[PDB]
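Next comes just one chain, in structure tokens: the form solved without this ligand.
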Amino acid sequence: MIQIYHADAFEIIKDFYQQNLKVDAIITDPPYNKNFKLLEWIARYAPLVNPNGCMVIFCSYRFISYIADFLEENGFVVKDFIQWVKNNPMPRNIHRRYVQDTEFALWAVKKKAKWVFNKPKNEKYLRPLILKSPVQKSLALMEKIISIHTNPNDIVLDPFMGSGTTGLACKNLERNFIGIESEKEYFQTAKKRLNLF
């Protein structure tokens, strides 16, 4: 099942309250990254998650401490952080500074939740991909995140879905996606990648 909306996440959320919607996991990459604003989508969307559900939020090292504390204020337990590295950076300036090859994501679960994890064998580390693509997002990255923290019929929610790619990953993994995007061009891009019409 794939269902996407063209809307403002801070408005359709009220409609989700009326429908008493339940989703298994929110896997998203929020905008930006008073800090409330916007940690606030978290406080607003946190009630949708099932007792055993989790969250995965992509972010910047200048924020993650704030996001994590906020999550644990809203009824989640932060288990760990995951990362993925790009092999071809911008660079940009290599004689005065490090290249930023690395992006981060936060992983938190509901408080008394029995969470998924789900671990192919092997036994496994903190960084899903060495990836390729230079300069988002790679389908392969999202597929491995979604392969890990969700199971086949669990409901995945991406309040900012952008191009899709969270939804596309869920589809290939047969995971029942719901997603939201504000701007029409990205919405139409996600909608075409996901067929429908």
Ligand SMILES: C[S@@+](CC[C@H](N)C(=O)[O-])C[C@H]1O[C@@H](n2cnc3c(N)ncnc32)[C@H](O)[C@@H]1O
Contents of the next structure:
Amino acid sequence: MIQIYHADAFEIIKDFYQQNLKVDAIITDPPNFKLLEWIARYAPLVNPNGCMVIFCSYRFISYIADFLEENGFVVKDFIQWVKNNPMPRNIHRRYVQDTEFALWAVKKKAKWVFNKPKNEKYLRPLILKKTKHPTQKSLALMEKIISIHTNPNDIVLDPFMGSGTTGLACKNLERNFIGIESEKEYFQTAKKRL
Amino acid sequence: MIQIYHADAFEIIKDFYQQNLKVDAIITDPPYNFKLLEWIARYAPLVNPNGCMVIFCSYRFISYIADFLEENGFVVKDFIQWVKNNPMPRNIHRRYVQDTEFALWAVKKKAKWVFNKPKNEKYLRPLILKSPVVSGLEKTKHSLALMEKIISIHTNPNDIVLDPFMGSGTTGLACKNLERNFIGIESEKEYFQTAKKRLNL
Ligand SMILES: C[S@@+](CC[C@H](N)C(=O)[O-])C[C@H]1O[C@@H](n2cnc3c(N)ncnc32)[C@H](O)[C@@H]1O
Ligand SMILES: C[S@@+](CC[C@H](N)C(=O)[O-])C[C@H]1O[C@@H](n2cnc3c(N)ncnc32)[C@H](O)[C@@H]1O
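Other form of same protein, the form solved in complex with this ligand, not the form solved without this ligand:
Next comes the full complex, this chain leading.
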């Protein structure tokens, strides 16, 4: 199944509460700032064996990890993605920025999903190199995230979906996506890409 | 130059205060209520106008360290990171292997900092090394080529590098081979003396 809503994630959670909605994994790329709050409100929706994968900057990453663990989750690890072709800035005075961070947490007593192909170890999921969106996470990245932390059909929820691409990864992997967007141009971008 | 002290860093910082000690770069690997973020507040005054800090941390502490650093008059430029060629591995089938070590790079606020990129172009992952063997000693917080690359980048040959928690002295030894003028402190004597034997008494 694929459902996209054009809504504010913070008010639409009340509808999901009454409906007793329960999703397997929350895989999202979030944008006086909380941003820790949505986590508190979307945490109840996760099934006992479920997990979260949350994109974040390293400036916020420790906060989110600690916050997650106050909400009944255990932060298992970090995942990260590197582009092969950074547009270089201040090459001589500073490190180029090729890296994107995400946090992987699971529910506290959960028996979670991992899925390693016959192969060994892990932890930099991808080597990777479309939309008009300002910040879009790529498809191949999202597809790998999903192949790992979810199973052939699980219910994946992305409260901030942007251009989608969390869904598109789910659709291609047959992963049952639900997603939300507040603004109309992004919602429709996500909609016809699906 | 190489000088090592055996002391509690929080106890020796007062001595450094009145001794008017000034160090160019604090490159350290701290240990992990508290608030072992405070040493940062206390060791900040010792850093020269153009100086910098490099602080090893878990991704669980990295955001805290970053914000505190920037409250003490430093600007966080970036993070640096190291990957082992040889993870053990542990808990493979159920989990990610642990191959990574994180550190934070900040500079004093209006500083003209060092960096030093070789004519060779980019990253952000100073080194993927093999993890220590016959340089490997007796301590679990223990790597050298990493410290040498960290130093080759964020310091210049005659600068003064301070490691308030020096552990086995892997920062001192790196400084020595790169001719970098090391100062270091250690609380434990088995660690202090090993470092002392690594830097040639
Ligand atoms: C940082 S972007 C991530 C984009 C997405 N990961 C992609 O691949 O394109 C987060 C998105 O969440 C949307 N958003 C912001 N506030 C929201 C809210 N209150 N409720 C639902 N969506 C929101 C924004 O429109 C933004 O495009
Ligand atoms: C993470 S280890 C650093 C090890 C070192 N980087 C190495 O490669 O060998 C931190 C060290 O700081 C020491 N330590 C703990 N408290 C200290 C203090 N108050 N002052 C100085 N050193 C301390 C510990 O004994 C430990 O050896």
